[PDB]
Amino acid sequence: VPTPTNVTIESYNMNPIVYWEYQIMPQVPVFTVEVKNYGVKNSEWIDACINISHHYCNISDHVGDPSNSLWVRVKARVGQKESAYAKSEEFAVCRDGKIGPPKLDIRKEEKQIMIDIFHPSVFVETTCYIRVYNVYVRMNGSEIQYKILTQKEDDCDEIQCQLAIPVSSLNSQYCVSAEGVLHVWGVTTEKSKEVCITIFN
């Protein structure tokens, strides 16, 4: 049989799925998907899905540490005739996938606004964690950006990070959004929709 083509791996919120395409044949082909993780005991590929006729396979159950690389291969079959394997490029969930946004809450005090940044739900001992949050603030018609370092700071824990912003210049509306930056490859999470608060002068 011909070889599967365009083998691709996509991940949103650490849920990797493998996809491929196949040409029309005079009969209905079936496929088998195999996964190999970096740090394997010997030199073995593990079966993810066996003999399916659709063109995708969720491999979430075969991810070790999100920072570690993995490879996938797919072959087609016709009764007794199997094709050659089509192979994926090296994939690491932390480097190649995308993570959803953090959730933000704002409240006001006398001369400052307090912002609570809750880590994206997927994160609540791997090197795949958020190292810094880039916080974008708009106050009336001005804009400023702040950075929170999650490790060198008492401000952050396993559930959230906190930030205090000073109120000034007769500004009455403060709008805030944030995105996280992952350790190791510096990949960014999605940016949160902006939340606003009104200060009465």
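Take the two forms, find the largest set of C-alpha atoms that superpose within 1.5 Å, and that set is the rigid core. Positions refer to the first chain, counted from 1. Compared with the form deposited in another entry:
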Given for the second form:
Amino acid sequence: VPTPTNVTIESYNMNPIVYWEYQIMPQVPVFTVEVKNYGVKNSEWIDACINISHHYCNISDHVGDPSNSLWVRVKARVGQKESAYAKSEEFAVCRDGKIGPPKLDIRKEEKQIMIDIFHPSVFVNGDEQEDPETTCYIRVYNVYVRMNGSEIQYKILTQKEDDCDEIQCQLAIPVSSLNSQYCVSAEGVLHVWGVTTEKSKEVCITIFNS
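The form deposited in another entry is what I need now, so please give it after the form deposited in one PDB entry.
Chain alone follows, minus partners and molecules.
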């Protein structure tokens, strides 16, 4: 029978879904998507979704180390006749996906505003997997702070630095340039490819002192 078209993997918060088109056939066809991920013992592919009727497939249980490229292929069957496979390009979760923003918290302590950057949902978990032994973690957080009418970034090493921990990150700031409405937003940057997480929505605060 005909061949699937425009195969595409996509990921968010680490769980990719294979997508593919198909022309409308007389009888409703089924599909089978198979995943093969680099570092295969031999050369066998894996059936992710066997003879499915839809046009998508959540391959979460084929995403090993989120840095190890995988290729998925799909086919159809109808009449009883199957077709040739459709090949996705090499996908790499960590290089090719996107991760939700971190969760920011601003507040106050005498002469300093405190900022809490809770690591994106995915990472904070107490691993079961569904971040030991994977270079796919956040290395630097970019805390931006907008005040009066000026802006300053703030690197933060989640590793070589003891502000962060398995849960959050800290960043104190001096009550600067007299007047307030400090506005905080932050993005995460990943190891190896250096892909940014989503930049959180601005969570401001206002100060009045003398």
